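Using the hints provided, position chain B with the ligands relative to the given structure of chain A.
There are 2 protein chains.
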Amino acid sequence: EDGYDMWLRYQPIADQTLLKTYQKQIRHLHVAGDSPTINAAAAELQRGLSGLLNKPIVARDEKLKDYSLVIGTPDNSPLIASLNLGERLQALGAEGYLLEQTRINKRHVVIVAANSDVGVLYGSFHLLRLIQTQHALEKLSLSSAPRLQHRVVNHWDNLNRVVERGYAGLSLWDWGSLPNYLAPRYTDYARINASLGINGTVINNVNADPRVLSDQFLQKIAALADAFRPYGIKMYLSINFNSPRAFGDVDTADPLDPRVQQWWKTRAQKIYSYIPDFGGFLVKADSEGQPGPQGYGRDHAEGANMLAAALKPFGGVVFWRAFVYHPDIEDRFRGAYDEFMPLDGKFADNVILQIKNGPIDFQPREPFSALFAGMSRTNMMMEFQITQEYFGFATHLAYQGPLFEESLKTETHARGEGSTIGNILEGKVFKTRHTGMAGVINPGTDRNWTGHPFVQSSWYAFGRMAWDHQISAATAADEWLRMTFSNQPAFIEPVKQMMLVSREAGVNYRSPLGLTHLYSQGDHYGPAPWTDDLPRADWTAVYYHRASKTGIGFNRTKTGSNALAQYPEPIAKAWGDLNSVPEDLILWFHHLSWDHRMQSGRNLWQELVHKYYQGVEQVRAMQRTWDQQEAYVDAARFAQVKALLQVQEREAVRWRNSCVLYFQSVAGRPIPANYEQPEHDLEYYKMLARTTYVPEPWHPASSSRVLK
Amino acid sequence: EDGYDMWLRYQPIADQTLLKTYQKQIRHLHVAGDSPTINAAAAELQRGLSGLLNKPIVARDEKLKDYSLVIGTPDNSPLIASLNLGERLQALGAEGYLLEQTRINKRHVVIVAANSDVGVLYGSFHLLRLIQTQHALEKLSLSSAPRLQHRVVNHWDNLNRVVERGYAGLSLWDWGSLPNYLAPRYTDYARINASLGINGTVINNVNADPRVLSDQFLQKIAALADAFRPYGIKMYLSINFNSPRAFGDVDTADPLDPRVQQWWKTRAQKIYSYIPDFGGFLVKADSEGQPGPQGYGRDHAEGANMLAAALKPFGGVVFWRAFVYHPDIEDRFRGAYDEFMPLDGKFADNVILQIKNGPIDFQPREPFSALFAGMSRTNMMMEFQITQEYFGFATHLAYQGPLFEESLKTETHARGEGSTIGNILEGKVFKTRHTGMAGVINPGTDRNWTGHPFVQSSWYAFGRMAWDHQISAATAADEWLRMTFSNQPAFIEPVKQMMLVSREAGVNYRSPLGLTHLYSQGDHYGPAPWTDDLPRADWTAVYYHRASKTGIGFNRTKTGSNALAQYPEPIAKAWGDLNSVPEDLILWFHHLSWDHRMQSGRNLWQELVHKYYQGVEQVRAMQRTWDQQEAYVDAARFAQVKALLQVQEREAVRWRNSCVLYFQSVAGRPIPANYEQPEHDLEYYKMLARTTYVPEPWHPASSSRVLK
Ligand SMILES: O[C@@H]1[C@@H](O)[C@H](O[C@@H]2CO[C@@H](O)[C@H](O)[C@H]2O)OC[C@H]1O
Ligand SMILES: O[C@@H]1[C@@H](O)[C@H](O[C@@H]2CO[C@@H](O)[C@H](O)[C@H]2O)OC[C@H]1O
Ligand SMILES: [Co+2]
Ligand SMILES: [Co+2]
Ligand SMILES: [Co+2]
Ligand SMILES: [Co+2]
Ligand SMILES: [Co+2]
Ligand SMILES: [Co+2]
Ligand SMILES: [Co+2]
Ligand SMILES: [Co+2]
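Residue numbers (the entry's author numbering), protein chains in the order written: chain A, 5 to 712; chain B, 5 to 712.
No lab work stands behind these hints: they were computed from the structure.
Which copy? The list can't say, so a pair holds if one copy fits it or any two copies do.
Subject to a maximum C-alpha distance of 30 Å in a straight line, what follows is the list of computed DSS-like cross-link-like pairs (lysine-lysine):
#: 1; residue 1: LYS143; residue 2: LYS69
#: 2; residue 1: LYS690; residue 2: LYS274
#: 3; residue 1: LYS646; residue 2: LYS500
#: 4; residue 1: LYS238; residue 2: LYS413
#: 5; residue 1: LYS712; residue 2: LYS269
#: 6; residue 1: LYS646; residue 2: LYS238
#: 7; residue 1: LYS269; residue 2: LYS350
#: 8; residue 1: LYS646; residue 2: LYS274
#: 9; residue 1: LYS712; residue 2: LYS274
Chain A extracted, bound-state conformation:
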């Protein structure tokens, strides 16, 4: 096992009693349809059922035999049509499906029914997953339909093939051999994402390269689009707003100038001639030096709508990112809400505002982005991070399921109780036209796609939740572990719990209690809570925690930046009262004295030390847990994960010592004697921050020759 198949491991069911049962149930595979998508479904079932059931199952269009798996839509399979499923099937829409043990013409059969061909494909993947996870097919009757419209992944890939915040190798897209070489991996990539119901992908960096819109690259991209099409995945591209000028065709990119409007209309026509079902554009504009409307004195609705008007005739959409924040504002936290609230209602119907789960930047824990509960007349979608920019690259084990679950189940009170983030995204709260979530996966050419094996679990969790936002981190992990490693109960429970605690461990050894943004800038690998004196203050560490001799935290109540007033009243009330604010968010909103007593009985200095030390202990416990699993995992992946956990323990100790000693130097309070005193002093950890290798090809820190 080298991880190439990820969770699509079609190995014979290990439980022999169960294997026999499946073997009696699925003896033939009946597929009448022959469209590309149906063919892809048949091909997956054929390879999947043959592997899992350890016998040759070939997809065939023949007279129905007893004990068959029959797939199709009423339109492409007369057998499925004969069941007259009616309303039951129809309610499942354009992507849903029904899996049911039933009878046709007296024959025993298990049907993968749907209204569309992509519905059959999704249904087929679920059929396989049931087997992969050793669920019973007897009396099977289940239907499912996705709860969000655009379920997409994002790749921050540069055209040179280096991935920004990419810890799993070079970009998968081999531009030098495209379009001529349709590599097998492009199809496997499609199969991975289709297996989760992911129906779209942005293959290029948001720090966007204009070349993607030239003929040279559109031919390459079209070949990728072709490979992805039979698997229901639409192609999207990140665009550079200054494209008209980069191509030398117009002396401005002002969205109100007719020549600019025409440039993009003509370019959309060119794109659509290459990729007739192109999904549309992802846009990072007027943020971190990236070009945008405000550079021409226009607003984000004006810029987005101009792009949207160009794509509208072709059915394309603009995913316009809300990750915007000007250096001059008093509180970065407030930024996005204050930028976009005045524009609510001004965006065209095929513009969707793509918002990170939190107001800052993918930190281990952030409160929900206020825009989610505030924008009532604009299409929204979520942006989550899978690649571990802030969770330890490819060396740290960190299942992100819980982060996503936490976010999606957060009650916002936008329109009273029941206004969870998930319900907002689905369109149940504010009535909206387009819904979705995007996941920044940043996989690469490493054999196992994600570098660290467990980053696969995050990918998985993300994909499952995009399909159904109420799926728990626990459910997703159970499924993933069974598909990826083993169906042994003794293995699943400990390793699932290990996965479930990994995120919190990553909070604890880095920045607990509402602390945030304590990373080495700008690589983000290691600790650097002392960071100051950067061109922009809101990229430093001290800006956020505002530690002094008397206290720590950032005042976001009515007496401070009043960011709490950007939230619905019940959240503002709960978070602004020291009696009710969750301790896991406290320092985001309150500047508190070191003597403040926490729920545990410890003072805030004590509780900070306790959490940092807890994070390291949690990693050490993960080590012990993983070591007890050697009998259930293959030798190669076992050794790799064991080794990576050793690296993570070493770094978590470095994180703990660096942060505790730094905050000690400011607070001037001792570390309690029941905690192991750090091996060295604060200057040594500063030196370690300057010299400890940063393991990412992209960030310049990896080339740093600093040795002192």
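Below, chain B with the ligands without anything else, positioned relative to chain A:
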């Protein structure tokens, strides 16, 4: 087939008659020894014999059975010792072996015998190779010893894991998980190289990063050395001559300063404490802005000897590169010879001068480096390039076997007939102590290690030629094709001839007739024969061709730069007379009028055009040849090579058109009417040079957003 196994494909022998014969001859594997090296040999024979013979062959130490493969040395295998091989074994030295079908106490055996364990390992790989190439074991009696001491590969890997002139992915060395994670791939890398007899590797960029000498990185590198050691491969490191300054320990790097001498001796001690059999140092100094002794007003002997004094007590050596040339000389061709000739005999016995095959920079054809025939009191070694910096990156098929053979069989007349480069390298011509050959392979994390499947053939040939410098390109291709693809004679012949013509095709469409250095600067992917006006002229294209309305070529005779006088008399004569100079080198030494008549009857302009058009035709012929092999090759690799050849044809045409149109614009002569006239003009090809994607992560050109 995804190329991960390279030429060590242990699939069952297809010829059933042959298979039975091998199955009757090798029924058991007898191994008495148990050292790490013998264990690795035994492991290789076990996996190899089992796969090739399609039956379980397990290494055992037991009472000898009839029809056994018996391996060992007289010291570790009583059975081998009982044969009293004597003088037969003595002639094999420290790395040689004997392969022989014989008898031990009545029992039919085949022995792999040597004086050392590594000799047994090398012999074990040859035994496998015999079987892999379907050679008969009956009456087998052969011996072999390497002809060069230091057979190494070079990795231009940066510590961020980007490879300089790297077309095959990221660096193999995963510094973020080292030393903790001993990846299986590290062992497979060792197996690949040991299979060829390669006993050394320089893992880091010659543009050297001083971090490799820090404890942080030495701990990581030692884990690599540990993995490489049982395979007989020693560890070497490129060094930065300014390291004492970079570490902040001394205020100069002057080699005559006692503090600097002491810094390197103390650092050597540190290195050997981690790696007790460390091979030594590779050094790029006073070249292309890299630091060196001349930066302190010292010479290369003074610099090299100071490093050599530090390594001497530990047995280490210094590979000092002669790739040096300063911008204000009249003729870069003369550079290295004028730099090093005055230092002949001034280098310590553990310094070896590492010299490129030619005096410029790995161009598709270069005459031999004059230093090989001139230095008589200095250890020398060859530097060859495998990675296709100048042969089309990972998209062009360019077997380098013929280049290496051409070089190694070149008569220099240094000391009579038989003064071939190969014979000089062996130490027979000048009587030197330390000999070798280095190969710049630059593989990466791509699944097939080399990107383009055929780059594996060039690595293969290099290693075989490092073992025996008289091995032909034809022989190495025959072996490689059989090991990599098929033993079918109808496949071997045409694909072997295709491989053999590929180098020459790459000369023809780029720079035939002694033209050189016509590449886009400084990425090197595409044509740019117009290149001028760079910070230094010797990095441009016009500097070399000197094309004008009246002629082309560079005068290196007595009436020009007189670089020919740097060669032995007979060579200068032959190359300096228009009657005897090879046409494949003519423009290196002579500036000729466009009306000069060539051997073919064509004038020089006509011949120029003919060659450029010939190169494209040769690529088209390679396409047709490869299409005829579909029945013999697995579908995946077949499709991949088919597609790459399409990219190569497109590029070859771009090269042909760009060059023919450029030289036409200078010469003012028509392209003869029988040739397909390019439809676009020269300005268009200049535009394509600015905008055609450069497929390499490392060079900045791949990030170029130029669109016009
Ligand atoms: O969210 C912000 C990040 O975008 C920022 O990342 C920066 C990207 O550009 C790099 O050149 C910088 O080094 C790096 O800091 O980091 C700060 C964070 O607030
Ligand atoms: O041999 C010379 C090369 O070394 C040179 O390659 C240069 C390497 O440094 C890069 O930064 C430059 O861009 C590149 O030109 O090119 C010319 C060749 O003569
Ligand atoms: Co894995
Ligand atoms: Co980059
Ligand atoms: Co645990
Ligand atoms: Co206290
Ligand atoms: Co290959
Ligand atoms: Co680099
Ligand atoms: Co041919
Ligand atoms: Co003419």
